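Here you get one chain, nothing else, as structure tokens; it is the form solved without the ligand.
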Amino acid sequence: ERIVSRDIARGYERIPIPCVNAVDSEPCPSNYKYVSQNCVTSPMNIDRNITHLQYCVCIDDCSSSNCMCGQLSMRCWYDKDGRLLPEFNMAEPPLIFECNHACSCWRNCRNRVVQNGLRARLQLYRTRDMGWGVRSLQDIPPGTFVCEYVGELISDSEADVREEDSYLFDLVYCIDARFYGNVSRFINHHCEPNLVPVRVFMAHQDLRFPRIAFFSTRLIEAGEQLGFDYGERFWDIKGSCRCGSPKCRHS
């Protein structure tokens, strides 16, 4: 198992994200630019007017049903360790509105998780069957924020005239992780996924532009490959799945 990179993120994450290869002689992928945060090429007129934010007036740690930001989210879904509550609907997730800089609360309040960024020790690695994949180097408990789907924010019109469509996440707007992305660009499709994407609003609340946060759907054991469900639009064009699920819907 060769270490082909000590950190594909080049110090932009809280931890390094190594790339190893125990399978063949492919070096670390280098046909893209690692970015830890979403970027644009042509302008995207995101509403950043600070007076447009809805915000809370809490004097505590935003753990009460009075928090506006929790109400926008239906309730605050976060426990004190930043994990999704057991009652969180993994099959049909709500929008999460995290607290923001217009709010009266402190930066350490309960309702702040995704804005704190990636924490789990993850690793790019060569799979036997589906190119590069990502795995966790540690146990991740259920409902943990794992990573954000980061890339280039583009319009659907711009997406349609792109040659490569394998790194597209639909938000109509898209995140294309082909030329610019983070570690998420490498996560493989799985039919019984250990990650679910959740739409999240933080510094802005322009509803055209959710941020896409992956949360664990169960305990993810150390060494295990990360996967999420690419959804039906992807397979309608890309259809065989090699996830190896007894319940695989696309093989």
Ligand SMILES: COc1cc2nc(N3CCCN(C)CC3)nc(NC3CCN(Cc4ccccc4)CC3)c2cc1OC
Given for the second form:
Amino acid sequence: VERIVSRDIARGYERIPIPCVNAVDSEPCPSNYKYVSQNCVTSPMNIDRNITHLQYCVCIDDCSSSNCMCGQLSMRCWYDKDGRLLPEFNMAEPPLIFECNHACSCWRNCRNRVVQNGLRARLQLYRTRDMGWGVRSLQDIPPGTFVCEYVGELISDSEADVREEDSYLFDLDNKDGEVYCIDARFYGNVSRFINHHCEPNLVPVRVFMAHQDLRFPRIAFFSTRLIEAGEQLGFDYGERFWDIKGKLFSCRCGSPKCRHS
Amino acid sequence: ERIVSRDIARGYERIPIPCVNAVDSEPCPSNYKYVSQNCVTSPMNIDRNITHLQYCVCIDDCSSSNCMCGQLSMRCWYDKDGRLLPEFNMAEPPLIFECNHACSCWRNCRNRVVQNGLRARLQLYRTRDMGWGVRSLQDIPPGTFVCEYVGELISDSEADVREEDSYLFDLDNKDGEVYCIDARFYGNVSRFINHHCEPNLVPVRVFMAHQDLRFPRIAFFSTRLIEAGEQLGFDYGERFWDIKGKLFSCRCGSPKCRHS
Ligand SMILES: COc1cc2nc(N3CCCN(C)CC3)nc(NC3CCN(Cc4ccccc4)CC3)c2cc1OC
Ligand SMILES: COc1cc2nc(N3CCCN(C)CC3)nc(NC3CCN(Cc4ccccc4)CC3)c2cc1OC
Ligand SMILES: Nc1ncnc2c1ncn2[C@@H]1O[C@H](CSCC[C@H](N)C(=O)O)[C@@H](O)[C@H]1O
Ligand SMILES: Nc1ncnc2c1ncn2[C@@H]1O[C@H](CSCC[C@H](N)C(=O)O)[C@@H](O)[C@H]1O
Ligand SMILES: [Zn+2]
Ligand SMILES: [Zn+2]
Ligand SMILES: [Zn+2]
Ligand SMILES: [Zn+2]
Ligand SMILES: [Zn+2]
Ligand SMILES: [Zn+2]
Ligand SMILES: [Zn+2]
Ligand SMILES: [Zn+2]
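Form deposited with the ligand bound structure, per the form solved without the ligand context:
Starting with the chain above, the whole complex follows.
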């Protein structure tokens, strides 16, 4: 017997509502945080917004040709006609995706635009048995489909070293030393409730849209396979997360190939 | 009336914005880049600190007297249809503060209009005496948000070095700081709106995602009923005419014209 603890945690900010349900305990809909559907900042981030620094395409079509600068920047356009990733997409070692932007001569409905169109999957925040809150899909999601962005507060590396709660962090590591993270503890979208899984049905991909400042990629989760309606969403948190949390608790992921229990 | 474009915005607006010409044989303008939202070339350190935003904690649709966001703008001037109340002072607009992502209310509350985008069927057309112009293709009730003046966000000293100043809009309040929106190289439909001494459009300074006073956004609202086919217009102000006045005189044709 699952009780509806919220009609939509996003409060209309997403294209579709994201309900919350409980059928495990008496815990109420989470509220010790603020829902934001887009990345925000506290301390000012020097993101390069210079519109003339943007690289862009001058296509006269729907950006399906190999001449599209944006596709070239992404090595090639990885989206098919339905906005899904092509099969020859390296899920184990994702390339950076550069979607068309407002500087491109193309139309707002060209092919190289997917993450920028927001959430299009009916998800649901629900209470699990062991991991607490989790997220699941109320519909079938085909492989290579864009599901959700990992949205939170943009903070510096050092800023990350002075925060008690660090279970809601995503590193945007760069061999440039210039390292940043997205902390969804205080500010975050539905992704902050996604749990870890060793054989994840979601893989994070670095995407670039309105700007192309490589220090600040936005994280878009794509389905690594067919996800069945009712299935819980999951993604690999990575070695740093477990390398520090692996000293506090074991991985309740329950995967036959699990790598952190 | 030849159709030179099905949509100059290329799909970036909620509705398309066609472009026609039944005068000369000039093609759809293209010596500029259309942008549905403000942009910057040189950096502008807009205060985007989310903890700096003021907001409301309303448990309703922000249509009560306790919405803090409404109080900031003295009161919420929007009605259930998103139109400005009859008591709104067109000749002396107040600063409007729409609800933002920091508020506790829902994304569909009453205090959100300009952040919702273009919803009036407009059209860029070729006029006979003022070059290009924007007209309405539908009746537009008074107090209706029509469009925003979007362009390049530049400083005072920067606009001061730009020879071409026909597409500049001043955002002032001296204190060592004063900014403009240059729509010459980057702008939306509003760049094609011609001047009029008895305008059916009035600029209103609005704040939404951020509340950095140096950067209000310019929202145009109808000052009266605008019927289908009528050309849009707003007062360019004194600085514009004090300058461009030395070259040509106004041609709005208003019996009460103040610059011809
Ligand atoms: C990927 O998931 C995680 C990413 C995390 N990233 C960081 N960063 C800050 C320091 C490393 N920097 C190079 C990368 C960003 N810190 C993290 N945690 C910090 C939190 C503050 N603590 C303070 C501290 C230091 C030493 C001993 C005890 C406590 C240091 C580790 C994370 C934790 C994560 O999983 C929990
Ligand atoms: C509202 O419409 C206008 C606003 C304009 N604003 C400005 N500003 C810059 C100086 C005054 N400052 C306080 C307000 C913003 N300059 C303006 N024009 C300046 C541009 C630079 N020129 C000098 C120039 C000439 C040739 C080449 C380079 C520069 C002097 C007039 C405008 C003009 C406008 O109508 C045309
Ligand atoms: N595979 C896994 N096994 C055990 N706990 C997990 C897990 N994946 C995520 N978690 C738990 O959830 C935190 C990640 S944040 C996800 C939200 C969380 N389940 C909640 O109810 O708020 C971790 O610190 C951990 O406590
Ligand atoms: N009432 C008016 N009388 C004469 N010229 C006007 C005018 N309103 C606008 N303009 C003309 O347009 C410029 C403002 S920008 C508006 C766009 C312009 N009509 C175009 O076709 O690109 C002015 O410098 C002037 O040349
Ligand atoms: Zn292209
Ligand atoms: Zn492009
Ligand atoms: Zn494109
Ligand atoms: Zn596991
Ligand atoms: Zn309110
Ligand atoms: Zn509010
Ligand atoms: Zn509100
Ligand atoms: Zn006049």
